[PDB]
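Peer 1: The chain contents come next:
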Amino acid sequence: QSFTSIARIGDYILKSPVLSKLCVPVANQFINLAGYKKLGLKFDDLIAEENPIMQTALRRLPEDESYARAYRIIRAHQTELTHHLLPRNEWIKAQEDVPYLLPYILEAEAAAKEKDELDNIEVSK
Amino acid sequence: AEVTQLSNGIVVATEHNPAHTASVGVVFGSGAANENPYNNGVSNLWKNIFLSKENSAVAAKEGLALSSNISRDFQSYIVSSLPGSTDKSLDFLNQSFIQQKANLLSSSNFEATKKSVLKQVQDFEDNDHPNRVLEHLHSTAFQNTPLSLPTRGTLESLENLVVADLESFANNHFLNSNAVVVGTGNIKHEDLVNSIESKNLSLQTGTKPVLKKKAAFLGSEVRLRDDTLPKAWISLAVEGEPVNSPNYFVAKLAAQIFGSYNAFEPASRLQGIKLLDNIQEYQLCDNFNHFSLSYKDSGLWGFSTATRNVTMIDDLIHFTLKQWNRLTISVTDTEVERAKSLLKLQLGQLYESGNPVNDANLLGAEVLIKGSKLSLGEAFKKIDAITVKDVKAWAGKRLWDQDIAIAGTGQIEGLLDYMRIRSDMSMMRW
Amino acid sequence: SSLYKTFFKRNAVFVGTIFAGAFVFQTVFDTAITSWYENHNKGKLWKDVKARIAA
Amino acid sequence: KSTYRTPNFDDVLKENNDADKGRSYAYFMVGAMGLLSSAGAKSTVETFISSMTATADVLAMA
Amino acid sequence: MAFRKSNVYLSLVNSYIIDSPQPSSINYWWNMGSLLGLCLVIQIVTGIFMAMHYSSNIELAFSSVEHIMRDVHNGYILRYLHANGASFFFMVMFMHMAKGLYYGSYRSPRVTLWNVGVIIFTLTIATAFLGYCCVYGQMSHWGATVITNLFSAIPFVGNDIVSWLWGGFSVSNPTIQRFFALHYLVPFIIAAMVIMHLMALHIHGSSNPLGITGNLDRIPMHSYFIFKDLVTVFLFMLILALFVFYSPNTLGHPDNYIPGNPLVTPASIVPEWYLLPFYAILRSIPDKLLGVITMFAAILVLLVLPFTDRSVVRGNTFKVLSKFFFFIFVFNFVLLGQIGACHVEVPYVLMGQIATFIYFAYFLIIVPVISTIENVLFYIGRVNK
Ligand code: HEM
Ligand code: HEM
Ligand SMILES: COc1c(O)c(C)c(C/C=C(\C)CC/C=C(\C)CC/C=C(/C)CC/C=C(\C)CC/C=C(\C)CCC=C(C)C)c(O)c1OC
Ligand SMILES: C/C=C(C)/C=C/C=C/C(OC)[C@@H](C)[C@H](OC)[C@@H](C)CCc1oc2c(O)c(OC)cc(OC)c2c(=O)c1C
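So the protein lines, in turn, are chains F, A, I, E and C. Just so we're aligned, residue 3 is where the first sequence starts under PDB author numbering, counting upward by one. Just so we're aligned, residue 27 is where the second sequence starts under PDB author numbering, counting upward by one. Just so we're aligned, residue 4 is where the third sequence starts under PDB author numbering, counting upward by one. Just so we're aligned, residue 31 is where the fourth sequence starts under PDB author numbering, counting upward by one. Just so we're aligned, residue 1 is where the fifth sequence starts under PDB author numbering, counting upward by one.
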């Protein structure tokens, strides 16, 4: 499933205040139960990276965010292998759990979708 | 857009458009395809004395500029004037090709010119690897046949050439029945044809050239391995179309489908060419360009390429030939349509540059072969009428399971054997 | 040869035609060989001996 | 010697008045080899596959 | 360079077993694969030494196995190792597969790895069936009969396949002799498929429990995971030893201590335990053809998971709904097996048909729906517009 599609569905829910007030609390509680914040991760650190979109996206990430992702991932592996969680003061807070990679991903998906569209354009006379 | 050609005693062809300058010249219907293995380079030598410091100063006093071009089927000697001096160009043409065609070949002039085309043709072989390869492509593709002779001649036939060889050639080919006088620029047809019918005197009229034996494509290769060069340069072609082939334009369009490429130009990486998806992943080449070369008797359809990726040359060749396979079986409407538009654009940029010397060469070569020039608007009618069905029928005859001709130089250890290349001229089917 | 250019016309023979020709060959060839073989051995076969026995 | 001067291949080159002579011969040979191979492979596979069918001594009519 | 690198044979050993970069955080669930290689070795070694004493003739096969039990020095150890080892081979394979399911190991770029795994699983199931027939007890004869008959469901040419597989009118001497020959062969084909499995593993390396890249922190196979493997190798051997010496027949069927009888099918016939879930699936369909199609499909549907897992993250570690339904799947699978062990009777027939539905619905319906929902939940829980 593409991030363009997740964004479509998600934004529709987020705007309509019927669904927005119904779902977001469910989603908030799902995210806390997931537990990745107790390992020091942001959600975007969790995205499977072994495909061309995510490699394009990670390539385009500014240096400082790149070094930070690298630390968070290494720190997560070390904590996982010790069968601990981090000290609570080290957990990622919800304010920090930003979609930092999302804009690069969406941009790359659009570029890719256009190429696929243009490689296959029909012509009418 | 004009094409006025009429024959008096000589055949006069013009095409006028208010531009700036005017170009006058004679274009002979014999080139390097008319030479021997042993006097190969006589035409190039003729060109070079015609532009010698002696003859070139006599023209520059009068405010005239000199230009010449040796090709395979033809040969041209051209003077550009400033357009009211359209008469003083015809003076320089005749003062050279009747009077001075016994004064240009003076011992000190010939030896200093021969010494200069020797440094010239040597420099070519030493350094111009793309054109060197393309010239050897013609050499092997058309071996033991008129189209195999290189236009600049070979170093060995050149250094053994004497004044009498120039003479004998000039006396057999610079004839009236093997000539066309061409005027481009802005000058009228009746402005030139009257200045020509002014002076009579025919000079060797009634004399024909010498006949020969027809050109033929032979599937083959010449491999000029040189591991000290930093790249590999290769050209590969099938037998293409002669000028005045029904498929003259289908062939040219087919070449535009794959077009040309330059890895370092951002825009070039973005063209609507399917082959580019394959070759850009591992960067299989620095550049390629497809061509449909057409001559009187035959032609070559194929591509040339240059690369520093010397361990993946086989992928370059394989992906390129798999694309060409598609022309017989699966080329799409929108590929054909893209090619139409780009063929028009490039054919336009050729036929209507702001330079009359190019116009003269294009006019001259055309009228020498078919006795007329097809107008740019007439070509576009032919180009637009081409269907996917046409390209497929053409490719199925010229491309599919057909012999090829190969030439290369530089680091071509990775260019696989002939039969491997030749097997890729088709696909397995049920 | 121009016998080739009538059927297959400068193209190679395709697997489907090859496979189909092979099924045909198998039957034709077997009958041709069995025929020659049984004929060459006329007199010696059980076929021939049974024609001279009855009970 | 000049590299543009192609060596003599006249002893090998078929004096081409028939264009598709070698092609028709090659493709007939390649086609015939393909035919007799497929029939051979078929017969070989059937030989092995049939060795697994009921043996002559176990077909008893009880 | 070091000799272990430069030598043509040793460099293979070095790149697979010594210097191979492992993600630092893989847990003991990643020890199952080495345990599978060990199992394969135990089965092959004990089988070859037994083959030395075994006769495949249908008159002699059962007695030749009793001869291994009674007369061959340490013969009962070889036979009990082989028989109990086959069971342990399946226990560990299910865990290896379940691990793959949980952690999204089937995902890109390890799809080829997963597909080769599914082939090995089919081959291993066929190999154990061939071996089980070689005992020629009662369960052997009727197992051979029922399973060769699976192919009779094939349109038009099905009964022809079966008589060809049998080598005659019924399961007889031809049948048991060719099943021994085949039982000897297929372990070596499994060995070649394991090499192909490790080849696909090597180009992308192992995954890890976080489901993210391992590239930022690797440690060498040698030392760390060699000695970590040793821990579970000994625990595996300990438990296998407790069965082989103290409880050698607990995982088998008493009817296979009765010589096969072509005229009598015991009322107590039950498949081997590791085949029970699949048996139940077949038994739930009251049609011959569709019964065998659905059962085979229960194995092939494993191939579909890379496409129906719509999630954007690999593995279930941080997925609340996926974890829950994964364990629904596991315990549903255990139920299928408990149904297989039961009689075709009222509550059981329906429970088996519903469990069968749940089995297929997991791959085809639950995972695509739930992974989509989780995708969206992850998004709207952090985006503020
Ligand atoms: C992946 C490998 C193998 C597996 C899963 C496997 C499994 C089995 C099974 C389930 C049985 C019946 C056990 C019982 O007695 O209840 C069996 C029997 C047998 N196997 Fe294997 N086997 C394997 C490899 C081999 C190999 C390579 C040989 C070598 C000839 C072999 C020879 C035998 C023999 C001689 C028997 C009959 C003795 C017995 O009943 O234990 N097996 N096998
Ligand atoms: C005789 C059978 C097999 C052998 C010897 C074997 C061996 C291995 C080994 C050594 C590993 C690496 C360590 C580990 O992750 O445990 C591995 C990984 C893997 N195997 Fe197998 N395997 C076998 C059967 C299978 C089967 C039946 C499947 C699935 C249907 C499978 C799926 C996988 C996958 C997906 C991985 C990668 C796991 C990850 O890194 O997340 N294997 N196997
Ligand atoms: C990146 O991931 C990896 C990884 O790559 C590896 C290698 C391991 C470690 C595990 C292994 C190396 C398993 C390896 C084992 C195999 C591939 C075995 C293949 C199977 C066989 C059956 C071997 C062949 C054996 C025989 C023919 C038997 C020999 C027979 C004999 C001696 C008969 C003797 C008797 C007489 C009478 C002469 C990991 O743990 C791991 O992740 C943590
Ligand atoms: C030369 C090799 C040949 C012909 C065969 C190999 C291929 C076949 C298989 O898979 C590879 C096959 C084992 C199948 O796989 C779908 C298993 C899940 C079998 C499941 C199985 O077991 C039974 C069993 O064990 C029995 O014992 C007493 C009795 C049985 O009836 C009562 C069965 C049974 O009704 C089924 C479905």
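Just so you know, the hints here were simulated from the structure itself, not pulled from any lab data. Check the hints yourself; a few may be wrong.
[Unchecked claim] Partial pick of chain C residues on the chain E-facing surface, computed with a CB cut under 7 Å:
no.	residue
1	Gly168
2	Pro306
3	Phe307
[Claimed, not checked] In silico BS3-like cross-links for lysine-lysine, where the CA-CA straight-line distance does not exceed 30 Å:
no.	chain 1	residue 1	chain 2	residue 2
4	I	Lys47	A	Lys415
5	A	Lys348	A	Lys234
6	C	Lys385	F	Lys117
7	C	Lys5	F	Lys40
8	A	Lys408	F	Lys127
9	F	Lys40	C	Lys228
10	F	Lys44	C	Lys323
11	A	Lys370	F	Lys117
12	F	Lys23	C	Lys385
13	A	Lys418	F	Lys117
14	E	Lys72	I	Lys8
15	C	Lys228	C	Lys288
16	C	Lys385	F	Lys115
17	C	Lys228	F	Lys39
18	F	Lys95	C	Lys385
19	A	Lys257	E	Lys72
20	E	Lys44	A	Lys240
21	I	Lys12	E	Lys72
22	C	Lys288	F	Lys44
23	A	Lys238	E	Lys44
24	I	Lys8	E	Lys31
25	F	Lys115	A	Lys366
26	A	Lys423	E	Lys31
27	A	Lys423	F	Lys117
28	I	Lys8	A	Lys418
29	A	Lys240	I	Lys12
30	I	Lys12	A	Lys415
31	E	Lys31	A	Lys239
32	A	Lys239	I	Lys8
33	A	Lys140	E	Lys31
34	I	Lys8	E	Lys44
35	F	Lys127	A	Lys370
36	F	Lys127	A	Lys300
37	C	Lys288	F	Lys39
38	A	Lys418	E	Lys31
39	A	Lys238	E	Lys31
Ideal Cβ placement from N, Cα and C applies to all residues, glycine included.
Peer 1: Given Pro306 of chain C as an interface hint, is its Cβ closer than 7 Å to any Cβ of chain E?
Peer 2: violated, 35 Å
Peer 1: Between the alpha carbons of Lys385 of chain C and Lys115 of chain F, is the straight-line distance 30 Å or under?
Peer 2: holds, 24 Å
Peer 1: Compare the distance between the alpha carbons of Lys348 of chain A and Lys234 of chain A with 30 Å, and conclude whether the hinted pair is satisfied.
Peer 2: violated, 48 Å
Peer 1: Measuring from the C-beta of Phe307 of chain C to each C-beta in chain E, is the shortest one below 7 Å?
Peer 2: violated, 35 Å
Peer 1: If you draw a straight line from the CA of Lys8 of chain I to the CA of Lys418 of chain A, is it 30 Å or shorter?
Peer 2: holds, 20 Å
Peer 1: So if I understand the rule, the pair passes when the alpha-carbon distance is 30 Å or less; does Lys8 of chain I with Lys44 of chain E pass?
Peer 2: holds, 19 Å
Peer 1: Does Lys31 of chain E lie within 30 Å of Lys140 of chain A when you go C-alpha to C-alpha?
Peer 2: The given pair, whose Cα atoms are some 20 Å apart, holds under the 30 Å limit.
Peer 1: For a C-alpha distance cap of 30 Å, please report whether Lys115 of chain F and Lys366 of chain A respect it.
Peer 2: OK: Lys115 of chain F and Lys366 of chain A at ~26 Å, within 30 Å.
Peer 1: Against the 30 Å threshold, does the CA-CA distance of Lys257 of chain A and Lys72 of chain E hold or violate the hint?
Peer 2: Not OK: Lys257 of chain A and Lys72 of chain E at ~50 Å, beyond 30 Å, violated.
Peer 1: Check whether the Cα positions of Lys5 of chain C and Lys40 of chain F lie no farther apart than 30 Å.
Peer 2: Status violated; Cα separation ~41 Å.
Peer 1: Take a quick look at whether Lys95 of chain F and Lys385 of chain C sit within 30 Å of each other, Cα to Cα.
Peer 2: holds, 19 Å
Peer 1: Given the hint that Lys385 of chain C pairs with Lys117 of chain F, does the C-alpha gap stay at or below 30 Å?
Peer 2: holds, 28 Å
Checked against the numbered hints above, the structure violates hints 2, 3, 4, 5, 7, 15, 19, 22, 24, 26, 27, 37, 38; every other hint is satisfied.
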